[PDB]
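Student: Spelled out, the chains give:
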Amino acid sequence: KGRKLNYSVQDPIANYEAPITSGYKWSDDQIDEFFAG
Amino acid sequence: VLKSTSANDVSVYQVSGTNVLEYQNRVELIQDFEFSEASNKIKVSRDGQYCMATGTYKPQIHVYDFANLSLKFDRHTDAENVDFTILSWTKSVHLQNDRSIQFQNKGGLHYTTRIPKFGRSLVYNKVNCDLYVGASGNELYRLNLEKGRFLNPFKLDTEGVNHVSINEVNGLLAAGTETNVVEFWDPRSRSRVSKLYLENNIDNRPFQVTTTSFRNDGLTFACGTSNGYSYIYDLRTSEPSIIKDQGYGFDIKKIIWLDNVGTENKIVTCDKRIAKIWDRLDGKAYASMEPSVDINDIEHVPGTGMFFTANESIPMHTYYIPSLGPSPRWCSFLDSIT
Amino acid sequence: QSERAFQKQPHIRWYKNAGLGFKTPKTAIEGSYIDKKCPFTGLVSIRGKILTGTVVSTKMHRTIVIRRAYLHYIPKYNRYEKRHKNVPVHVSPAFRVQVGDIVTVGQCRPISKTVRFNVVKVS
Amino acid sequence: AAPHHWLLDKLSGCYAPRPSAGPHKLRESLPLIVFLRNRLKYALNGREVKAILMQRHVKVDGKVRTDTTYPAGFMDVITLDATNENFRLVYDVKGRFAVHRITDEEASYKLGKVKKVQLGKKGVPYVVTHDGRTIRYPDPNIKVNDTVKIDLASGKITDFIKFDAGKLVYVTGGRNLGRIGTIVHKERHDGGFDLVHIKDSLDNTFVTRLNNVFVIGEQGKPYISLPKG
Amino acid sequence: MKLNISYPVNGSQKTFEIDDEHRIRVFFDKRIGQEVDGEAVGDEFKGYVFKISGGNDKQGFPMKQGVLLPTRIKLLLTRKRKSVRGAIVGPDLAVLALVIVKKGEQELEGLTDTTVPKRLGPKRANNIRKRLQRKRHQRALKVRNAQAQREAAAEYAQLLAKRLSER
Amino acid sequence: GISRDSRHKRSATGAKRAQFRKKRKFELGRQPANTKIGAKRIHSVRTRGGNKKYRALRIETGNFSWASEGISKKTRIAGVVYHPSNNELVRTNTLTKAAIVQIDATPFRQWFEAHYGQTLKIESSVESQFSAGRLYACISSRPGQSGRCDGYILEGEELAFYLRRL
RNA sequence: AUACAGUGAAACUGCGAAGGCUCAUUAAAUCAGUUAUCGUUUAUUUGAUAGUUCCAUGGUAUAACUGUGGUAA
RNA sequence: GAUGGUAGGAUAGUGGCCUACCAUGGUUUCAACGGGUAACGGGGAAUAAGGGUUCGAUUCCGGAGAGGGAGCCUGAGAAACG
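Protein chains in written order, with the authors' numbering: chain RY, 460 to 496; chain RA, 2 to 21, 41 to 108, 111 to 360; chain SM, 8 to 19, 33 to 143; chain SF, 13 to 241; chain SH, 1 to 78, 92 to 143, 183 to 219; chain SJ, 2 to 121, 151 to 196.
I should point out that these hints are in silico values taken from the structure, not numbers from a laboratory.
Each hint should be verified, as a subset may be incorrect.
Stated by the list, open to error - Derived DSS-like pairs: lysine-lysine, alpha-carbon spacing no greater than 27 Å straight-line:
#	chain 1	residue 1	chain 2	residue 2
1	RA	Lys148	RY	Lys484
2	SF	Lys37	SF	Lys106
3	RA	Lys288	RY	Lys484
4	SF	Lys161	SH	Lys214
5	SM	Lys56	SM	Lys79
6	RA	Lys294	SJ	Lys37
7	SF	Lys161	SM	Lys36
8	SF	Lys106	SF	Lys211
9	SH	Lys74	RA	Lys128
10	RA	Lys63	RY	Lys463
11	SJ	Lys37	SM	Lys133
12	RA	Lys78	SH	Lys131
13	SH	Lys136	SH	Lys187
14	RY	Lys460	SM	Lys79
15	RA	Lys113	RY	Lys484
16	RY	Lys460	RA	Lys128
17	SF	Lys127	SM	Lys36
18	SF	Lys155	SM	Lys69
19	SH	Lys93	RA	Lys78
20	SH	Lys93	RA	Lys63
21	SH	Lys187	SF	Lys174
22	SF	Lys211	SM	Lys36
23	RA	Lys78	SJ	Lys54
24	RA	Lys113	RA	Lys63
25	SJ	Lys41	RA	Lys61
26	SJ	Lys98	SM	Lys57
27	SF	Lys133	SF	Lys106
28	SJ	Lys41	RA	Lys294
29	SF	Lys174	SF	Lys128
30	RA	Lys288	RA	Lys63
31	RA	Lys61	SJ	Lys24
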């Protein structure tokens, strides 16, 4: 289990991308009233 | 004028087939489209050019510029690939047959990391930026591109998963397992929401679901199998489905929608030898795309009616449908030759 | 005597002789032991030089860690500081070597990263 | 830039002649330019030793072999047509190449240490020597380090000298390089310092290797003639 | 535009500087190999048909037969990135090459009525139409090589047999 | 592949401060060509002068050997069920050396009926495959180096030697 | 010397150049000798080393070359 | 991959060189592993000179580089000064 699942932090991917604020065009209330069931 | 195969009252064309006066009336679209005797996986980027085709022996990356009709480069990667995605333009992430993951850049090979078990599929999340990678066993991992950490891997069932996909407009994480359960996780909560089971009427042997897909309405889900049987799903009475046996039926690998061009409610299914296309709400075949060799997978270019396969021969086939749509702006005399 | 897959067998029960003053025990000529890298039946051939010494540890299987103290005529501080050496070595079906046990080995065909020697004698 | 064996005077030049490839190794041979030009002095420079090589006077091992850097190693009988020059060159006692002059019935042959006997392909016994004369079919009792006698008109082995305790041996290699006397002792070890030991004027003792020694005859009767002083 | 025209069987070729581009516009958006009529490029050459065979544009860049995209693109040729104009002809060709495969209604005092001959007759025997002593010597040296080698091999194998009998 | 050198890794003593060298030509690790089933395509690569090496990727016509008589005859390939040099290799169904792959044994039926007359002394758990058609057989040849698929059939002892495993 | 016949610009060919500066500091891991490779590659050097045949000579496709041209090149 | 075992991959082949599985090993006070320079100096690396006694002949400081990293190709030999 040596090289298997190193839970470390890696240098070039720490800022490889950037997030997005709104993201999903739905609402989270639309998620809840989408899969209530 | 390129020849057309017979079909149900409809026409398709191939460019760069196994057969494709002919030398002096050549109809070659993309120069140097041939690999080392097979093809792994082809997909077209989000913008209007720069398609990427993974390699076969000494496997490469093969980015083709559509506005130059030829090859840009071929980064001979270290191992043979199975699955990758493209992250806009120049960045892309890959995983090979061994449990390693490459990050290609403009300079190429920005990093090589690993996952602890052998992986089978990769998808990227546009929202908060964590790639989900499906592998063998209890383990569906994350590599977040925010801060490069690892995340608390998603606890699966026994054997594993053949394909993972997230929904686009709302984010519903699919994971096609082996024991017919589809294991929908929530990309918000990091927990399960449902464990939907897949049924049939023939039941040859305990099939495994191999292809998962969604579209940009966020309400339906296209499901596959290891038997050649397409499935549709909705939340509306989610226990049954509509099914599609295919006339040869080995393993369907690519099921993709037509949710961004005209001639709507249509979907492409693709198993090992044939790729067909049918309509929703009836289940009747619009057309089919029978080549002269097997298919490793396919892809469909957005906005227009053309398809790009990755197969087991030396070139790759492109399939043009002059009834689904036109040929794109960089191929804007295909409608003049045929 | 079969705890692994892939047809554990001799590779053409089988028997040979390296010669050069080293016996082959009768179970190593005709016995159920496979002798994959033990040089009497083996796949390896003998060459080179033969070194002798006692052991330190035989903890893992197919690892015989020899010690080898030897005389060297030191001219610097005009006294002999005592030598010590180590070499890992694969097993043989002739002696379960315990601590002590001056044995000798012959050079052949690198088996792991650091072993070129395999046991040929116990006395 | 020279070795010790050539007997090469230091006031000669800057670049030393590398021998070309051939029968013997680089480290145990002298080429024809260092033979003819600056040892027994049939030339004055490389131009005229190439001139007499184009004229083809040299007849080493019964063939002409017109080349400047042809590596004549141990006891290749250099034969020169004018003034019937027959030269067997052996080792002296201090490491150089002593080139003895011999006659025609002695230059009609040479001898060679056998290196290995092989069942190579198609049931053919097989023998090699230091010039690599792969000659067909000796007897089965050719061990390593015995001595064949080459025909030098055809290639066949004519006589055979068995390596055992009580044979006249020549040592070419290590710190015993070029000694004769072959009897104080025999000691075959199992991988090194294994040999037959050689006497001196006071019958001193010496250690060498098996491959660094090879037999030339018997205790008093070698059919090679040897130089003296 | 300039039109290079070639009558191949007579061996004639000449360029013609044709202005007045609505005569030229018959060739537009027709790639290499597709035929054409004389009727919409001219009136004085009617019943004429020309297979186009490429052409250098202004800036001199050639077109190779049958790719796409009548602008310029950067391909990989005999392998390095060379610039090559597309096979389709548009408004910006300097010269355009043509092969006339049927004479129509007017004789041409450059193409039809004047012609050149060929170069020189053939040289090979079969090209003119459409040793044995070496065959003696080859066979003789071959059977002599057999009667030397395959007999000498057994002739020292019998010496091995003598050594084995004496051993 | 990458390499063949001890310089990138630690020895039996535990050393550090490697930072050694630009890797040479003679540390050449080529890519692992996992040979599969397809249409027969062998890449002819070069090494060490004119040392052509046959790198097989999609070989079919396996020459598999009847064991008790040693009859190497021609057949097809189905799939490897057990090969724990990589337990994902049998999930992906490749074809490497020492793998146990399944064969439609119809030419072995032809040879038995041709040199024995009747159809069916041989073991029963391989007589079941004599009847059905698919027999287990293990690859000997190296398609990644010699480009060929040769093998030996499973007959009795070696059969149960693998059937008790998986 | 009425199918070749000497000078020979420019083209194919055989080979030529067959081993040259600056910059950051490795403790038998850089180096030197030595053991071995039936554990391996090898142009050139050298010695050796080939046995399956039913009812007078095989095909177009490219040069150089001519000819028509484009481009500032 | 630390130490070894079994098999495969790649190799010019030997080789945890790389990967699956398994065992928890291995070096060390008989000096492990680590600390620096008159490591522009040293180690015979070599020629020695008929009186210079650590000046006094040379191979090599370490590896790289052909604007910068990356990928590929050629050859008996290369990760090419072309």
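Student: If a hint holds in the structure, say so; if it does not, say that too.
Tutor: Against the structure, the hints:
no. : hint                    : verdict
1   : RA:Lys148 <-> RY:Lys484 : holds, 12 Å
2   : SF:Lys37 <-> SF:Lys106  : holds, 20 Å
3   : RA:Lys288 <-> RY:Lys484 : holds, 24 Å
4   : SF:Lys161 <-> SH:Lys214 : holds, 19 Å
5   : SM:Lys56 <-> SM:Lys79   : holds, 20 Å
6   : RA:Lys294 <-> SJ:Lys37  : holds, 15 Å
7   : SF:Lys161 <-> SM:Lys36  : violated, 35 Å
8   : SF:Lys106 <-> SF:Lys211 : holds, 16 Å
9   : SH:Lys74 <-> RA:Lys128  : holds, 19 Å
10  : RA:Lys63 <-> RY:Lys463  : violated, 31 Å
11  : SJ:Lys37 <-> SM:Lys133  : violated, 32 Å
12  : RA:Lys78 <-> SH:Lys131  : violated, 51 Å
13  : SH:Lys136 <-> SH:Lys187 : holds, 24 Å
14  : RY:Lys460 <-> SM:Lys79  : holds, 22 Å
15  : RA:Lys113 <-> RY:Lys484 : holds, 25 Å
16  : RY:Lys460 <-> RA:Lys128 : violated, 34 Å
17  : SF:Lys127 <-> SM:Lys36  : holds, 24 Å
18  : SF:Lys155 <-> SM:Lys69  : holds, 21 Å
19  : SH:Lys93 <-> RA:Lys78   : holds, 21 Å
20  : SH:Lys93 <-> RA:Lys63   : holds, 26 Å
21  : SH:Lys187 <-> SF:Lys174 : violated, 52 Å
22  : SF:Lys211 <-> SM:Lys36  : violated, 41 Å
23  : RA:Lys78 <-> SJ:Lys54   : holds, 14 Å
24  : RA:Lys113 <-> RA:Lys63  : holds, 14 Å
25  : SJ:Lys41 <-> RA:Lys61   : holds, 20 Å
26  : SJ:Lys98 <-> SM:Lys57   : holds, 20 Å
27  : SF:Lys133 <-> SF:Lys106 : violated, 43 Å
28  : SJ:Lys41 <-> RA:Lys294  : holds, 18 Å
29  : SF:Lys174 <-> SF:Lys128 : holds, 14 Å
30  : RA:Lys288 <-> RA:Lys63  : holds, 20 Å
31  : RA:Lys61 <-> SJ:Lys24   : violated, 31 Å
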